[PDB]
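Only one chain is given next, in structure tokens, and it is the form deposited without its partner chain.
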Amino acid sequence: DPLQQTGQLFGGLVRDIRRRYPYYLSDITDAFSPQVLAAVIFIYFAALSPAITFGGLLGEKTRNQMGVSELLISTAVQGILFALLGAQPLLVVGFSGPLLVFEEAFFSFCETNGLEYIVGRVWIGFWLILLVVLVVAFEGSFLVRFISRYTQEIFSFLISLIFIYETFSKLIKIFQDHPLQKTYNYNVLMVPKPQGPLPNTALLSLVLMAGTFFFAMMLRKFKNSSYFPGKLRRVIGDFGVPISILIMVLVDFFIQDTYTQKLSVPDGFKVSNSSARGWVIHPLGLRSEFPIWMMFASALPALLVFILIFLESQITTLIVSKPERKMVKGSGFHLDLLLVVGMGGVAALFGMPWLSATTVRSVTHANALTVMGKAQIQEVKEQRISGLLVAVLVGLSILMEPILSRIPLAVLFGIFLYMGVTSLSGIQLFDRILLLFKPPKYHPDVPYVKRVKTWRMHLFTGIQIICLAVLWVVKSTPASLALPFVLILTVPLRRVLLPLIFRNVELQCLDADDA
């Protein structure tokens, strides 16, 4: 087991290398599959869009101190490094909502306190490098031992729902921007974007999304059907999302007059606001002399950023490397943590955003490399090339502007809805949420359906709904940086509060290590 404390300094880190690095020739050769390319194409669009979206939000929020150009380069470099050196290469390292919320907060703080933001982040980075080295030394990734199914399901479900809400909210904004009016203006300026409302924009975006999600779900049904020969059915099934994108990007292309929002990458590989910084950020300061109180006080925001990245990344590794998912090579919690957080700290010196192993992408990436027979899982295509290629392509996104500039965001939203829905598959919580509606006669005949009474099973599912609700309120409120700390409290709940009200026999079956 990786979670056993070796008792020797960097004992986990050594064992995590000695576990996976023998299977490195396999990690390159296991990628020799069309399913692995079909994964790259899908997970590239999954990786790029947030690097464009969050990068755009970063720019307008931080006065272009950090923007799309920075985040595209960071996502690419860290993704390439992690793909090659990671103990679990199926982890997709990218920027997230919690990380955006911090960059917002640290900027807002730096403006009020009159500090260089981009220089301020360099010291957040130096602490993260010191703090991860200190944690990996003493084998602090052994505390991922204590994070049970209970916590993993609540998280995986919360992050999957947030993703679906975020996807739908982006569609609503198009209808809010381009409402269904009786009359419009046709002297409107599209200098940076449609200055005023346009006809046919919002309904076409709705159709483009719906059509993309439809074809994606139908081509998944087709994959696990008894139509057409097995090879052709599998090949077309494996390229479910790539076909769904191609079909509906072509639908958009042949519609001439009507406007849709397209993927807009930067002009070239340039810093977002040269008037505010270069590439390499000087710790002692750029314009004004950087003060000494912040150089030590940076530890507190660095400890917060560490928790955000640790919780998200380590829980993503648990969910991806579950026993039920046929992962033979095995994940290394020490090596993965050392890279993700370590690289993030080094990235801050170059004024680029630190990243995390994002759940929906990592989950989706693993799912894109999972084979199906008869239905159950035979084996997952465990390799470093899919994660590498996605990172390299995100880096090259600036150069391949002509290809991306024709692809609408409407199509991408249909793929995010598919990602959001598909990510719920192997969550026992979601499986038990469906049993609340199903009568007890037509239950799946699994242990917690058999061993535990129907009202006891639904009560346990009831506690996880109450957690998700609290987690969703904490996400909504200004205190959104405290969601990792609220997520941690699910471990006490399972270990202290549940065994009081629930019997152990029920909990062992409901919350099991294997299915």
Given for the second form:
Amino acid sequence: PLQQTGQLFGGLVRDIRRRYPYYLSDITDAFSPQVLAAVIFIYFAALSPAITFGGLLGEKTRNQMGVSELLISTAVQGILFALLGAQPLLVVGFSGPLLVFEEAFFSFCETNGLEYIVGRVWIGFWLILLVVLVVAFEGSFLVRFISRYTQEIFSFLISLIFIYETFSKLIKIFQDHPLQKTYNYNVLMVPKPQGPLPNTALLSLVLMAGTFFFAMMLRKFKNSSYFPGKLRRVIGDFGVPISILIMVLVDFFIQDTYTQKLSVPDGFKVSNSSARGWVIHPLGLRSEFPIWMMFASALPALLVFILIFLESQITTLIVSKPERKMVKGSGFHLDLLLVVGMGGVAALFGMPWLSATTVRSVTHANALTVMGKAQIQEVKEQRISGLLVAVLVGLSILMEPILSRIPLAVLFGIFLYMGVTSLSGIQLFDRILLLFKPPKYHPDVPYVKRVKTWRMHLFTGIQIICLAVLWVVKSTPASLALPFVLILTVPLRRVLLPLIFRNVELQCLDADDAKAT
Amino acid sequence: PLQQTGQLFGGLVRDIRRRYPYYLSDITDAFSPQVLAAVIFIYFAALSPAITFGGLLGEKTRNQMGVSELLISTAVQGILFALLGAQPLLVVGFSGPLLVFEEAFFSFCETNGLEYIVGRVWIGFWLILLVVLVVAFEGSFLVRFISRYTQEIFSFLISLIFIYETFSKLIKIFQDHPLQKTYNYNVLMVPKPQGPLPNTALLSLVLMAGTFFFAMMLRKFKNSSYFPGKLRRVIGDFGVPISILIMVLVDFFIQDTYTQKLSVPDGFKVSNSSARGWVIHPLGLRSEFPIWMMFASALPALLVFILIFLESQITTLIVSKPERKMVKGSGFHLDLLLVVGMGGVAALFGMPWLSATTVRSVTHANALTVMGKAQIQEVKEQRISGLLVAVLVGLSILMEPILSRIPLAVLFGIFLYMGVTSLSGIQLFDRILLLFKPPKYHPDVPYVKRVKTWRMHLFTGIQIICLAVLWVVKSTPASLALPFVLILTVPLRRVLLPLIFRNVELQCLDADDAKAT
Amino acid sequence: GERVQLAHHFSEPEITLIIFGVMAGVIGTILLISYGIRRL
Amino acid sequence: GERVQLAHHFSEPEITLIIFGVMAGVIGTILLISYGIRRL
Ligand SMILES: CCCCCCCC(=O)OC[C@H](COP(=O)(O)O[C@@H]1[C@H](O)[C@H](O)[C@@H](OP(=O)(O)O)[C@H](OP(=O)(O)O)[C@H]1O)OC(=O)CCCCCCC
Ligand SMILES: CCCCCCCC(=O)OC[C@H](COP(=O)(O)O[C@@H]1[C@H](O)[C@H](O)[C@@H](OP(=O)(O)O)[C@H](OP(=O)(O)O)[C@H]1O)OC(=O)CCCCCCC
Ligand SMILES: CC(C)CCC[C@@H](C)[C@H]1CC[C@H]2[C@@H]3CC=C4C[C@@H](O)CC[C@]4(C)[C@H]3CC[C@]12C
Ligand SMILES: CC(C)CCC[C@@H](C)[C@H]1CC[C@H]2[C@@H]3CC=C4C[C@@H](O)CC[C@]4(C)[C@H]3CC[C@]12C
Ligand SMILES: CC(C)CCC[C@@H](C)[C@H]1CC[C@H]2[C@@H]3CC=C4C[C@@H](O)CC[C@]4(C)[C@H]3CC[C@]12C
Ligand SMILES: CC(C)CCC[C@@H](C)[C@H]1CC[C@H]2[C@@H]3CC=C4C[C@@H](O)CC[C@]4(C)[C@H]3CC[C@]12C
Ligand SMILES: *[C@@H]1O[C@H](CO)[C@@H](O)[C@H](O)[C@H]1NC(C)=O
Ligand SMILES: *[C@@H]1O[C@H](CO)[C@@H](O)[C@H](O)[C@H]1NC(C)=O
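Now that the form deposited without its partner chain has been shown, please provide the structure of the form deposited with its partner chain bound.
Every component of the complex follows; first up is the chain already shown.
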């Protein structure tokens, strides 16, 4: 699918012919309870980050873009991607680097006295031009140069970031309500508690730990030998919904203690009615838009395109590995085109652009993965799951009474479960574990029986330095340069690694399909 | 060892000749860090129940017998049993049925206006007469009629009781400090908090869960393939001390929140200086002791002898199974003689009599068990561990600053770990788990491949009814009749079971050494 | 829109149609140039 | 002992020695009876 045809829009046409014949199967393959369980999982797994990022965006942009706009954009883009995409298992939503770019662009517009939302409109206008040129010239064929090295480094780094943020949210909850001998029993609760409250942080920790424990125990029960096999697999598929329901009920039966809940806007309205409407004029809302900024928007549009391209294409590489039993094909050109086009269109309506997030899409693929008698058997590849997730995200405003009783701590345990389960398929994580094992306990794999132990440990340690460098870049104001540093690993793999490792060693350690050279 | 020689004190002499030749090995075999880790484990595992039972006894007997007397009796009896016993792995300490008997005897003495401690002195005097007659006539040979049926039923019931009490203590902690919106910040703390306090119950639950989680993770790390084998086994042996230290430090760094700690008496003094001294006159302290109660003390002494005999002999049967790789021998006559004699002597000093408790002795045996490459390899059979445990129990008063900073919640997690680890060697627990498994997943064991699945499930369900009956008796005022109902299982095994099961089925299901008939 | 917005000569559909037409013209010019190259 | 205790004719060592002697006599009598039985 990554070959270069040489024909204008050749990759786009091939991706359409690859997947659209399977459209009838993409509806009938969802007739299983595992698909419904995956829908319930991904609904929360996409709604909670959407709510958090919308709140942060509203705080950092004076509510020009907020929770409601992000939710509506997520719903529309998810529906259109599920109906028309070539890899429907990808989950389309907001991400951290996008929030960093929004912060930087808002600061730039505030410094120069520019309208932030109109600048976003012009960037999205420049986004549509860039993606069509890439699709026309089959620019997505460059993804074939991203080997398992960069993919696994990026996946491990993103999982570590997800776990770190999940723990840091609990740390922030503990800081907001510290353990003290005395508390003020008269503290205002609207809109948020203005002072420390008893039993809050400890109950949040208990709920998070219980959610994680129940999720892990039900995941083990799926592979366990207990109960009849059909009922056992049915319970194991619904493990995350069962854990969420149990912990939500546990928190519900504790009336006196306060726990932070999910918050959604009252209705389908703009976050700031005094700032902008549903349609933003490209010529300017309050002041006339400068001519020079219309042409100067290409460079931020270039950065956005680079970020979205790297995120979506690496996520597609991860979810479409041959070892994951993907027997329906993926379209790199079509999915990128749809994502960037939907982002550019949503820019016109004052809505944030999205990208195929690694954690959510990997969790969606794993939730649809059927395990054989250990060995992956098949994947429930269908369009119904993503469409239903997007519909439920859009309807999240209308189901506020249901969402208002769901604590964030249960969602934190769910996030921790997703983070720990996203490391199963990464060989980098496995080789990191081999650093703490005797050589005789190493599994019978091509990169152990054909490569010396110290050579393999050195190869793993080289990736660890890359992980440390990527982590340092994230913790700096220049965090938008992360895609470039990630790309810089490809010259390391293709040039510097052969200077110190043999061809057979590199083939065993870095294999596209886990083969013995 | 259970054979009847026909010679007066024949069993006592054989037990002495069986073990005392191994006395030199019983000192040199303790030169290993696993023995020290077991000492640290059993020190807490015997001190905390001792403190709790001493407090309850002081509350229920107006401090005539309390924490200090129980601790001193435990130290003396443990030292003498480790120095002279035939099975030093047994842990000598107070138990629940003994507390129930003490409550009943205190009520009887209060009703009839009798001196409780002098009545205990006369009971202990009658205790010495009964045990010598049993040892002289080799009455301990009747233990051979207690098959794996009764042993496993008693062990499973006792483990369930231990887990139930461990959870009920946490429930009581939660009830004492419920989750409320408002609390009184000015509550007196001496001697105990007179009102609910914030963050108390939740932190206790967190500490207990963390202790249990760390203990289980370190136990898995012992069998894991990580780290060098020597360091891995060293860490795994010290798993309980490491977990206790970690959780104690975690609670120590939380200054503001209150957690209940270990409480020991200030010094080696009687609990009630106005009631009795160190030596209690058998003729009476305040009033002259009646003549009729001197002869009438035999029946309560008979009940105490029955309780102690059943507890100690069944515990010895459990810890000395051939499948546990006990290659040094056990003496049923000598250990019972020593225990009952020490109880009778300690009765004269106003100290409680003890018995070989099942949970503590099983945990002590498991902590000294060395696992081969799954399969039990050997057991660190030595006298140093029990002697050091008794010495540390006696010195617990002198190390109050160390014990005053140890929360009970960590000890609750330790108790839960002991309860869950005491079920490994019971075939009744395994067959209960087989009730929730398909027949094809049953392990290759003689009672599965030679017995029909429904026959095995019926045999397991018969034991479940016995467990329910024993549980009902415990929850009634007639809880002292539990040994008789436990004995009644032996006629069920030897008479009623052959009427519905074949000889081969009973040999496969009830095997003394897990053999295929 | 919302509140008071500055009045422009072209409305939002008109300006977005003009921008899309300019973008389509640029894309067509680029495609024609690419078609011209790799042949002569 | 402690506080004020009723005075008895026999002190604690004396009474415990008497009780142990009575117990030893009873044990010896029982052992002699058992030795006599199973022989005639
Ligand atoms: C509440 C459930 C109903 C209670 C009523 C109790 C009555 C009751 O439930 O018996 C019916 C059924 C017996 O039928 P059976 O043992 O043949 O069922 C097998 C079982 O489902 C295995 O899990 C399957 O293997 P796998 O997993 O696909 O690999 C196997 O298929 P196969 O691969 O060999 O071809 C099945 O044949 O139960 C059980 O499954 C035993 C566990 C019962 C445990 C007790 C149930 C908790
Ligand atoms: C902090 C420790 C020192 C750090 C310095 C780091 C330097 C360093 O520690 O290497 C020395 C040593 C290598 O020596 P080596 O691999 O031969 O040691 C084997 C290892 O101890 C196994 O556990 C043993 O098997 P088992 O358990 O008895 O069944 C085996 O004995 P055998 O049965 O085959 O005859 C031993 O041969 O380390 C390791 O053990 C590998 C794991 C290192 C993991 C990293 C250490 C955390
Ligand atoms: C990349 C896409 C957006 C096309 C490239 C943008 C450039 C070439 C075009 C697209 C739309 C154009 C604008 C459309 C309408 C007007 C109003 C007119 O009174 C002054 C020029 C002005 C303001 C144009 C300037 C140039 C412009 C910004
Ligand atoms: C650095 C920390 C995290 C892990 C430490 C483990 C690494 C450094 C150790 C553990 C086992 C070691 C290897 C064990 C055996 C040999 C064979 C010898 O002829 C050359 C060195 C070599 C190949 C060792 C290299 C270093 C090694 C791989
Ligand atoms: C089972 C053991 C304790 C022996 C059996 C107890 C009976 C037989 C003996 C042992 C000690 C005896 C007591 C010892 C001393 C005295 C003081 C005397 O002025 C009156 C009788 C009296 C009170 C005795 C009564 C009988 C007695 C209680
Ligand atoms: C009661 C709960 C806890 C567990 C329920 C499982 C028990 C009752 C079920 C599960 C598997 C069942 C067995 C499966 C197959 C057969 C073979 C058939 O020819 C006779 C019945 C027999 C032998 C069944 C007896 C009942 C059985 C043992
Ligand atoms: C909406 O934007 C205006 C500036 O145009 C700002 O003053 C106001 O605070 C914003 N509303 C909210 C709720 O932040
Ligand atoms: C000691 O015993 C006396 C009765 O002899 C009783 O009044 C007193 O309360 C007891 N002491 C304690 C601390 O309970």
